[PDB]
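Q: Here's the letter readout for the chains.
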Amino acid sequence: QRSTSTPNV
Amino acid sequence: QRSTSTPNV
Amino acid sequence: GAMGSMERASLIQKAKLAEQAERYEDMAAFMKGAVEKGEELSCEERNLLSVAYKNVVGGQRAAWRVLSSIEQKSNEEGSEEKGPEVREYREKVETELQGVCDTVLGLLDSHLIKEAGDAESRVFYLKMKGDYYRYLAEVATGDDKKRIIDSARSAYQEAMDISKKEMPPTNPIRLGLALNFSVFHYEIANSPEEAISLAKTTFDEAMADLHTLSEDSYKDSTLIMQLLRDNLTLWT
Amino acid sequence: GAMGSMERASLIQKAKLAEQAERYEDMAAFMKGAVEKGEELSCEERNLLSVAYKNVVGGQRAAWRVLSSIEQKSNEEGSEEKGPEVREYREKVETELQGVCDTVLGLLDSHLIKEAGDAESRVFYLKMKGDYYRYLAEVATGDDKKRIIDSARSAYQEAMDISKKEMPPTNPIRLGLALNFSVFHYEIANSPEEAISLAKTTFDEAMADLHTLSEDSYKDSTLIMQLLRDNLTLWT
Ligand SMILES: [Ca+2]
Ligand SMILES: [Ca+2]
Ligand SMILES: [Cl-]
Ligand SMILES: [Cl-]
Ligand SMILES: [Mg+2]
Ligand SMILES: [Mg+2]
Ligand SMILES: [Mg+2]
Ligand SMILES: [Mg+2]
Ligand SMILES: [Mg+2]
Ligand SMILES: [Mg+2]
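Protein chains in written order, with the entry's author numbering: chain P, 255 to 263; chain P', 255 to 263; chain A, -4 to 231; chain A', -4 to 231. A prime marks a further copy of an entry chain.
Keep in mind the hints are simulated off the structure, nothing from the lab. You may find that some hints are simply not true.
Straight-line alpha carbon distances no greater than 25 angstroms define the calculated DSS-like cross-link-like pairs of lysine-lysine that follow [unchecked claim]:
1) A':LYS68 x A:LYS11
2) A':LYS87 x A':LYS141
3) A:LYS159 x A:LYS87
4) A':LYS141 x A:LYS87
5) A:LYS68 x A':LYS11
Based on the provided sequences and hints, a complete structural model is requested.
A: This is the structure we're talking about:
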């Protein structure tokens, strides 16, 4: 699985 | 809630 | 048309790719291109057409409902005036929705329905015609709301008459048509009793024909039957 | 531009409506229109811009990955030849993705970054520049892959230098920048050790500053800290 980047808040 | 119509298969 | 230069088989191939990628606007454009080649569609190809446009209009309908709800709340007593923006944007989404419906109805009229002679193809297309007039009716408020409703009813009725003559009660197309016509009655035509009656009769006649089916066909038919039951539970 | 005739405040209002309706293409167009009015953006307005384009490019990236995977599988030994269609459609989605990235980078260059003098605005925009060059790098394969990577690195680095001078270690923008720069290192730059080191140092320095925060700010900072930990778990 791919790394997590910043989500939408 | 709304009635259920035919879904995508 | 932008797809005029692409092979029919390539358009079908790319529709399948677009489905896998969840790119439903592209999928619909590819299938529109395939229809405009002028050849009749196979069962699988009709399914691709259906899935693509159902997903596109499904997004528009969900968006329209959100915006309509916000608009209704703005036009209560006590609500502060926020200017024309909510109405304008609801109208924008509504116009795009109507455009998609008109595109589909245009494909059916030119010339899918008139070339459809087998029960499976003719009933499928007339059901689709009913469905897209129903989506137009969901947002209609003017002089033509009644005529739009009658257009939906007329298409569903012609489909029903053929399906009852030509298909077994468990046929998935027949079942899906009856489901959607029952939704028309309940949600559009202010006829909940007609809706319940149709759902019940459809369910019972399918139940009685299940014994004739293979394991795979049984699974297909019972899936739709459960949706009729779900609606009957909601309605009663 | 199609939004040239609409008021700035109306564009912002409609961006908020589009977000509620999950109409992210519209939301992005409205926010592009607002940027092109030429005024600086508030914090809330920067967030609207970010959400809109992140959602649009997010869909394109997911689609591109599906298609790239199918394409890679077609070019193995034993795989049957299916013609140019998979490549063509992957290229189509890729071109649209690159177009969205170019649009965002264009807004940053004309003229959001050069007018951004406060740490919060300047770091946010330089992080965005890094992010959209990173998305370009994900699909790059040619002579400019290296230059695209260096453009991303350069933007992230300038942002990092400002953030460390001007913001506390728990600032959400500072934290989100460091998260995304660590992803750049791991996923793009073939530097997993740099990625791990950055994630660890960022986490530890934030942990040590949590005591200075209110309840609400604590919740904000710890949410991002958990994502750094999630990556460290994946990476080690
Ligand atoms: Ca025929
Ligand atoms: Ca300034
Ligand atoms: Cl509008
Ligand atoms: Cl293509
Ligand atoms: Mg040909
Ligand atoms: Mg008041
Ligand atoms: Mg209207
Ligand atoms: Mg003005
Ligand atoms: Mg072979
Ligand atoms: Mg390319």
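Q: Given the hinted pair A:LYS68 and A':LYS11, is their Cα-Cα distance within 25 angstroms?
A: Holds, at roughly 16 angstroms.
Q: Within 25 angstroms, alpha carbon to alpha carbon, are A':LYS87 and A':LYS141?
A: holds, 23 angstroms
Q: Please work out if A':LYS141 and A:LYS87 have their alpha carbons no farther apart than 25 angstroms.
A: violated, 43 angstroms
Q: Taking 25 angstroms as the top limit, are the C-alpha atoms of A:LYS159 and A:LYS87 close enough?
A: violated, 40 angstroms
Q: Are A':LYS68 and A:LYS11 close enough, with their CA atoms no more than 25 angstroms apart?
A: Holds. A':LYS68 to A:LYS11 sits at ~16 angstroms (cutoff 25 angstroms).
When the structure is compared with the earlier hints, violations turn up for hints 3 and 4 and for no others.
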